[PDB]
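**Q** Read off the chains here:
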Amino acid sequence: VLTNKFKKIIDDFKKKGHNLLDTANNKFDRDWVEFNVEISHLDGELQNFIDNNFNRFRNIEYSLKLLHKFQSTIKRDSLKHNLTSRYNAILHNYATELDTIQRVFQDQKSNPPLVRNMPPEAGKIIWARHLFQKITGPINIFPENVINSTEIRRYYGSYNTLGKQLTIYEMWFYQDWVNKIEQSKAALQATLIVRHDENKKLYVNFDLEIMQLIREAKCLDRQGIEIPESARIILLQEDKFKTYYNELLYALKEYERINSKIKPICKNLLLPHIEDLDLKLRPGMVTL
Amino acid sequence: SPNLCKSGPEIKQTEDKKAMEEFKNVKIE
Amino acid sequence: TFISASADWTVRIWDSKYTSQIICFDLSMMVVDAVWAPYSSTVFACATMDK
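Residue numbers (the working numbering), protein chains in the order written: chain A, 1 to 288; chain B, 1 to 29; chain C, 1 to 51.
It cannot be assumed that every hint is accurate.
What the hints assert, rightly or not - Some chain C residues judged to face chain B by a derived CB distance under 7 Å, without partners named:
{"id": "1", "residue": "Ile22"}
{"id": "2", "residue": "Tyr39"}
{"id": "3", "residue": "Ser40"}
{"id": "4", "residue": "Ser41"}
FYI, nobody ran anything at the bench for these hints, they're computed from the structure.
No residue lacks a Cβ here, since even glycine has one placed at the ideal position from N, Cα and C.
Based on the provided sequences and hints, a complete structural model is requested.
**A** Here you go:
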């Protein structure tokens, strides 16, 4: 339908083109009176598509993808005029997206229902970092095309304020987080983690230490944060503790199954063997 | 159910549609 | 033909025969589940926030 209009123009153009030899004026001038106005109506269609540069999408950045598609058009400094009028739609829908980002940040990480294997603090700092990165794209596309009008700078002011605030809040969470583990270990977790033993069942003593240091090393490695030597090594030791507790679990369950089969009969050849199967653990071996 | 199927364009014109998507790439260029 | 969708809400028609994707299409909620419809139509669907 669009090429139909263009070809109608081309056809009446080429048919009016019978006047060149005697009248370059008549031919080309009338050809232009028709073709310029009809191709400018087709430019109004291209301008419906200049609005479509956004309308193809509900997002600024995809509108910018279409702007990047428009590269053959840069020869004419008339799209740039429509580009200049549209820079405002650019900035405004950018502002809409970041106002949504603002109401997102106002509902801090603790409010949404997160389902994963990341501690609250690592999830919080990583979600703040990801929001900062999501904001950075906009605040970087902002200048160098609309700096001239500075509306973009007016909005960059608030955006940079939000960025500094996010930096400060991340810093606060890190003050709550980074040395939290150092305090925990140096006070009650690095003072000779008591190995797991048994009186009637397996008594776990530092399951909290296990889970904590696991999550610590995992999230620090995933986010690319420096892991202290103390953290890394008490982690290796917790790996040892966990493997050994699993093995001792299996062994105790073996004794349990054997007793579950012995007691239905209560034979006085295996009951004394059961008694012989008793062992004693002194305090010296609780640090093996 | 009204949005079930269109039954003419989806079926055998779909390979042509993928060729048309590649055309839209040539257009992007 | 395959499809790949990013955290930046972008959907991508990876034609195995190509190194440059076909239709760099683009829409909010493209992080989340996407699917090809079990119809002859190449229907796409994204879904979050009861939407």
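**Q** Any hints this thing doesn't respect? Which numbers, in order?
**A** As far as the earlier hints go, not one is violated by this structure.
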